[PDB]
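*Asks:* Using the hints, position chains B, C, D, E, F, G and H with the ligands against chain A.
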Amino acid sequence: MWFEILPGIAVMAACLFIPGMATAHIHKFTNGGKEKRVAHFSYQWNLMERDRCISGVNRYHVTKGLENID
Amino acid sequence: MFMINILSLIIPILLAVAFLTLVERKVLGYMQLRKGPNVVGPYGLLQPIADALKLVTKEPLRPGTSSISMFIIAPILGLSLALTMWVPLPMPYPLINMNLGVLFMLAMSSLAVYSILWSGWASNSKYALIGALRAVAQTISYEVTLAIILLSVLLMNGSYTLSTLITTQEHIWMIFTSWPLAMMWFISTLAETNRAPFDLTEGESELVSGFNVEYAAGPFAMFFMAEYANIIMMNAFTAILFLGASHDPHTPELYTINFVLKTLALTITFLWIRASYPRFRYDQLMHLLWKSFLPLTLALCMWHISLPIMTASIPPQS
Amino acid sequence: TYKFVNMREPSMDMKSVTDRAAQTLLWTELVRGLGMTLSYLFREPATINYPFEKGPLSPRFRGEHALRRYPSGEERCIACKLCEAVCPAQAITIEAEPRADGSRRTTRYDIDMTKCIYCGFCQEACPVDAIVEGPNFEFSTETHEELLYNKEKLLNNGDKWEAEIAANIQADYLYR
Amino acid sequence: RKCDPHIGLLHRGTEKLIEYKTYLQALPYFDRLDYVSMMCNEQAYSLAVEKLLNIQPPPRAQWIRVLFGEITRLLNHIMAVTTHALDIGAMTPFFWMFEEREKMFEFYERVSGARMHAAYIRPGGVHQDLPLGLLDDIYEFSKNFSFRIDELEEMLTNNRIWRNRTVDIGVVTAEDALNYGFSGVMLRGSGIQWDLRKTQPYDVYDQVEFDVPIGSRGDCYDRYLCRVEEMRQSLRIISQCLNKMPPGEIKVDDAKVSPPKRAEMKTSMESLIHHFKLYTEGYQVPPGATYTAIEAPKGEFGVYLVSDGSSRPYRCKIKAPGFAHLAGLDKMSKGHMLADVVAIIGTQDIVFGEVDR
Amino acid sequence: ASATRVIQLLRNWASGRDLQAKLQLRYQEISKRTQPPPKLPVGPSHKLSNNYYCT
Amino acid sequence: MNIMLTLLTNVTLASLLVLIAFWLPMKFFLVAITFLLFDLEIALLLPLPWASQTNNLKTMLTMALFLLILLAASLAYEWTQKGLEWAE
Amino acid sequence: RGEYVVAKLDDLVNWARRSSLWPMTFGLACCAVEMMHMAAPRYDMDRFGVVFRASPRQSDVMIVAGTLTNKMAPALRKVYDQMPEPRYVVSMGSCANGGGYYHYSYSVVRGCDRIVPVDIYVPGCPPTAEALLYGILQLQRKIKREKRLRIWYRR
Amino acid sequence: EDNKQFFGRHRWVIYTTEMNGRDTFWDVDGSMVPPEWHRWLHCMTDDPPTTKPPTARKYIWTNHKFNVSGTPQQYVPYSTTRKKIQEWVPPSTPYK
Ligand SMILES: CCCCCCCCCCCCCCCCCC(=O)OC[C@H](COP(=O)([O-])OCC[N+](C)(C)C)OC(=O)CCCCCCCCCCCCCCCCC
Ligand code: SF4
Ligand code: SF4
Ligand code: SF4
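Chains as they are written, first to last, in full-length UniProt numbering: chain A, 92 to 161; chain B, 1 to 318; chain C, 64 to 239; chain D, 120 to 476; chain E, 2 to 56; chain F, 1 to 25, 53 to 115; chain G, 104 to 258; chain H, 50 to 145.
Keep in mind the hints are simulated off the structure, nothing from the lab.
Where hints are given, some of them may not hold.
Counterexamples of contact, computed for chain B against chain C with all Cβ distances above 12 Å [unchecked claim]:
#, residue
1, 56
2, 109
3, 179
DSSO-like cross-link-like pairs, simulated, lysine-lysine; straight-line CA separation at most 27 Å [what the hints assert, rightly or not]:
#, chain 1, residue 1, chain 2, residue 2
4, C, 66, D, 262
5, D, 363, E, 33
6, D, 396, E, 33
7, D, 438, G, 174
8, E, 23, D, 363
9, C, 144, H, 132
Which bits of chain H does chain C cover? Going by a derived footprint, with three or more residues having C-beta under 8 Å, they are [as the list claims (entries may be wrong)]:
#, segment
10, 69–79
11, 135–141
Virtual Cβ for every residue (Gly too), placed ideally from N, Cα, C.
Chain A on its own, in the form it takes in the complex:
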C-alpha cells in the first residue's frame, strides 16, 4: 500500500492551517469583522488617522457614514 503516509500528511495540513485562519480571524476580530487596512504609502496611512480621529473612540475600523453628517 501507499496511503499510510496520508495521516502523516494530514496532520501537517492541520498544523499549517492554524496560521492561515488565525492571522485572518485575528484580523477580523481586531478590525471588527474586517481586514487590517494596509498602508503601503503615506496616503493609506493618514487616511487611517483621518478615520481613527473622527470615530471618537479612536479606532480606525469603526466607520461613521451618512448617519453622522447632516
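*Replies:* Chains B, C, D, E, F, G and H with the ligands in isolation, oriented as in the chain A frame:
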C-alpha cells in the same frame, strides 16, 4: 491581540518542523520500498516526539576546543531566523505586510550563512572547519542566482510587496510565464536549503553531518531542525511566487487550503528529489552554478526586463 | 565471445543534437529517474512485520545446538567426540567417563556459543545424530556468560525443542 | 597527490590458523575471506584441494558450482554497484535490488542451511543435494531479476549526475593496469581483453556460453557498466546451467575424500571407518603445491596451497583480488578530487576481508 | 497483486514498463515448502564387482 | 514595534528551548571574492521594478541592460581567463 | 503521589529512548553485511526509531559488527568515549562476542568485553538479520525495565 | 494465515496477553512460539500443528519457555565435571 497571533504563527510552524523528520524517514522508505517509522505511534505519528525528546534529554556535549560563547549563539541565530522569516509570508493577510518583503526574505536568507560559518569556527576541528568553509562558499554562490531570479520574477509582478503576489497572479500561474526560471528557481532552493543534490553538510555520509560533525543532541536540536524549517518555507515561497492561488476576501479559507496543499505537495517533491539523485561534487556545484546556471539566469533577466517594455506591460507598483 | 560496453557513437545530425540539447536544457533523464522512484512509491512494500511476521527459513537451518534423546529416553551422545575433532573453532569441550550403567556418557559437554560458528559440521560428525543445530535464533543475551553453554543447558535445549527438530531431520536425512 | 591506503584494521592471521587445522576445518576460513562473494572462495579452495588430490568432482556437482558461482556473481555486483552508488551517495537504487538479494539469499538457506557462510562447496563435490523444488524457485527469481536491473540502469546509467561525477574519473592505462597486478573488472573495464572462464576454462564454465563486457576508456563509470553487463551475462549462465542439470551424485564416489552417505554411515563398516577418519584428521593430500586461481566476482582469487603430505595444509597463501586493487588507490586518486577517492573505492568495491586476510 | 487497476497504470506509466507481468514479490509461484521424499541417486562406481580401489 | 515584538519573541523561544536542551539533560578565496563583486553589481539593479516605471524608460532600457551585459562581461572575462574554473 | 509522578516521568523518558535509538554502524567483517540487510526492506528497522542520522556523536547504541583487532582496539575505544551517554554497545556475531572462529589468533582480542562494556550479546556467525532485530527489540525492552528516575528518588 | 498475501507476510501471529505470569501486551517478543508452531509460522513447512501434531515424547517440555535472560531465571556457566584431585584429609588427635 498581536501576541496571540505570534504564537499562532510560529508555534504551528515549529511543531510541523519536528514532524517533518517522520516523512523524511517514511516517504523515502515507501519509495525505497521500506516501511518508514510505523511501530512507534499509530502510523508513526509519535516518532518525531520520540526523536525530539531524547535530543532534549541526551547529554549536551561541549568539546573542549569549542568556544562556549560561539557554541550557543549559532543555534539560536539559525532557528530564530527561520521563525522570523515566516512573518511576511502572505497567509491570506500576512502577519507582517512589509512593502519590501521580497528583499526582507532574501536579506535574512543571507544572514543564515553566519549560522554555519560560526559553528564551523566554534567546532574548531580540521575536517570540521574545511567542511563548513566549503559549505558557506556554496550557499553564497547560490544567493547571486537567487537574487537574479527574484529580480526578474517580481519585475513582471510589480513592487516587492509580498501581498501583491496574489494580485498579479490572478488568472494564470506565474510559472506559465517564467517556467524557464521556475526550474532555475527551484534548483536554487534545493541548494540554499542544504538538500540533495546539495545536502553536502547534512549528508549522512557526505560530511557525516557537516554542520553537526561534533554537534550532538541538546543544542543540536536547533541546528538540524532549522534546515528542515527553511525547506517548508522556501518551497512555500516558490508556491507564492509561481503557484499562486485565489483569495476571496469574504472567504480566506480557500487560499489557505490551496496554498497549504500546494506547498505540501512541493515539499513532497523536495523529499522526492533527495531519494532520486546523487550528490554533486564540490567542483560540480560551481560548474553547474557559475558556468551554466549563472549565464542562463542573466539571459532570462535580459528577456524579462524588455518583455514588459516590448508589450507595454509594465506593472503598477501601487 | 565478448562485447564492448561504452562504444556508442553520438550522431551529429540536426535531429540527434536536438534531443541531446533538449535533454540538457529540459532535464528528461532526471525526470526519468523521478518517474522510476515515484512508480515505486505506489509499489507495495515488502517489510516483514517482526515479531508478528517472521522471515522464511528452510528445514536445514543451523543454530542453537541441542543434544537429543532416543525414543527410550537416554540421550544420544555416546561421547564419540568426532564433533570435538571436527569443530573448526574448537568451541566444543567434551570429557568422557564410564557411567555407572557401563555405557559412555559425557560428564562435560560445553560448546562456547561465542566460539562456535554454526557451520553445521557437528551434526555431520556424530553417527548417532546426537548434536544438531536447531531452528532457534532467538537466544540473544545480555551477559557474555550465558552464551557459554554446558551439558545441562544443551540437554534442556534438546528437551525444549526436540519435537520441532524431530521432524526437521526426518525431512532432511534423505538429502544427507 | 599521494595516497596511502593503510590496512590491517580488520587483519586476521587467517592462514596462521589454517596450518593448525585440516582441510575440512580450513574451509570455513575461505567463506569468511570475502564476505561478499563467499561461495566463490569455496570454489577456489575446493578446486585447489581436489587438484592436488588428483580427483575430479562429479558432473552434478560441477553444474551446481556454476549455478551457485553465478548466484554469488549476482550478489557481488549488487554489493559492488549499489554501495559504489552509496559511496557516491545514492541510497534508493542501492536498496531496491538489495531486496532481491534476500531471494537467492533465502535459496542459500534452502541448500546449505546457513545464510552467508554456506560451507557448501567442499573438496570432492558439493556437501548436500539441492532441495526439491528449489530449481523452480531459481527460475522464478531469474525470470524477474532482469526487470530490476533495467530499474538500476535507468536510475544510474542515463542520469547526468552519475556520469559527470563518476565518468572520466580514475582512468588507468592498459599496460599500467595489468603490470600493477590488477585483475577482473580492473582489466576488462580498462580495455584489457582477458577473462578467466573464457581463457583458462575451469570446471564446466567452458560448456556454458556468455559474453565478456570489456570497456573502452576504463574509468569508474566504465567499470560500473562492466559490472552491470556481467550481471546480465550472469543471468545467461544461470539460464543454461539450470536447464543443463544432470542425473548424478553431489560428491565424488571416493570415501577417502568424500563423507559416505548417512544411510551407509550406519550400515557398513568401511563407511563407518572412512567417515570416522575423515572426521578425525581429514584426508591425506599428496604433497606439492599449486596456484589454482579462478575469477572472483571482484577479481582474480587464487590460493598457493602447498601441502607437506599430512592430513593438514602446510601453507596456504590466498591471493587477495583487492590486494593489488587497493594498491592502485595512489594513482586513481592522484590528480583527482577528494570525493573521487571513495569513487575509486566504490568502483573497486574494496571489501575488507581479503585485502586484510 | 494486491493493488488496484488505476494504481497499476500509474506505476506502469511512471516506469514505462509492465510491472504486473512480473513483480519482485512471490505470491503463488513459490514451490510448496513441504516436498515429497527426495530419493537420491547412487555413486557412479556403486557396484558389487570390479570396483577395487586399485583402479 | 510589531516587527521588534516578532523578532524578540523568536529569540526568546530559541533561547528558551536551547536552555532546556543544556541544563535539563586561493580557490577558496576566489569563490568568495567573485561572489562579492557579482553581489555588489547585483545591488545596482535591485531598484529595477520601480525604475521600470520611470517616465523615460527608453534611457532605462539602454542602461538597465547595460549593467546586465557587464554582469555577463565580468563573468566572460573571468571564464575565459580561467576564473570560474577554480585552481585545482 | 510522589512515586506515581516519578513513575510517569520514568515511563515518558524510557519510552522515548527505547523507541528511537540512533545506532552507529561499526561493521568490520561479514557481521556488517547481515545487519546491513536489516536496512534492506525485508527486515526494515527504520520502522521503529533506528534511522540514518548516523553521526557517531548523534548516536545512542553502537553495534560492533565483525572481528575486533588489536590495531582496531584503541580507535574503536576512543569512539566509545566520544559517544555520548546513554551509550550501549551491541555485540554482533561470534567474533565480536568472544572472538569466535579466530579466538586462538594473535591479531584479535577475544570479545568486545575487554574493550567496551557490552550490554547485549547476539550470537550467530553471522547472526540472521532478523535475529538482530530481536536483539534490538530485547535491548528495547531492556531500556523499558530501567529505573533511572526511580533510583534517584530513593536517594 | 493469508495465502492471498505475498510470501513471508502470508502467515503471522499475535501473542498471548498473559504468557507464563509476565504480561505480554506491550511486551511483544518473538520468543514465545512453541516448538510445534516454530515450523508453521516460519514457513518451514505447510502442516500446522492443529493438522499435524508433533511426535509426542516423554522428555519433551510440556511448556515452552521464553528467553529467560534478564529475569532471575537466567543461566550461569558452571563446571559439570567432578573434582579429581582430593586432599589428604589429615587425621587428628596425637602429636609427633
Ligand atoms: C520565447 C521564449 C523565450 C524564453 C526561451 C528560453 C530558452 C528555452 C528554454 C530553455 C530551458 C529552460 C531554462 C534552462 C533550464 C536548465 C538550466 C541548466 O543549466 O540546465 C543544464 C544543467 C547542467 O547540465 P550539464 O552539467 O549536464 O551540462 C551543462 C553544459 N556544460 C557541460 C557545458 C556545463 O542541468 C541541471 O542543472 C540539471 C538539474 C540539476 C538539479 C537536480 C534536480 C533536478 C530536478 C528536475 C525535476 C524537477 C523540476 C522542477 C521544476 C520546477 C517546478 C516548480
Ligand atoms: S557448528 Fe561447527 S563450530 Fe559450531 S560446534 Fe558444531 S562443529 Fe563446532
Ligand atoms: S559428535 Fe555427537 S556423539 Fe560424538 S561426542 Fe559430539 S555430540 Fe556426542
Ligand atoms: S562472528 Fe562469524 S560472521 Fe561475524 S565476523 Fe566473526 S566469523 Fe564473520
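*Asks:* All hints are to be evaluated individually against the structure, with a verdict given for each.
*Replies:* Verification of the supplied hints:
1. 56: About 28 Å separates residue 56 of chain B from the closest Cβ of chain C, which puts it past 12 Å; holds.
2. 109: holds, 25 Å
3. 179: Non-interface label on residue 179 of chain B violated, nearest chain C Cβ at 10 Å vs cutoff 12 Å.
4. C:66 - D:262: holds, 23 Å
5. D:363 - E:33: Cα-Cα ~23 Å, so holds.
6. D:396 - E:33: The given pair, whose Cα atoms are some 39 Å apart, is violated under the 27 Å limit.
7. D:438 - G:174: It holds: about 23 Å lies between the C-alpha atoms, which stays within 27 Å.
8. E:23 - D:363: holds, 24 Å
9. C:144 - H:132: holds, 22 Å
10. 69–79: Result for this restraint: holds, n = 3.
11. 135–141: Coverage by chain C is violated for the segment 135–141 of chain H (0 residues, Cβ < 8 Å).
This entry does not satisfy hints 3, 6, 11, going by the numbered hints stated previously.
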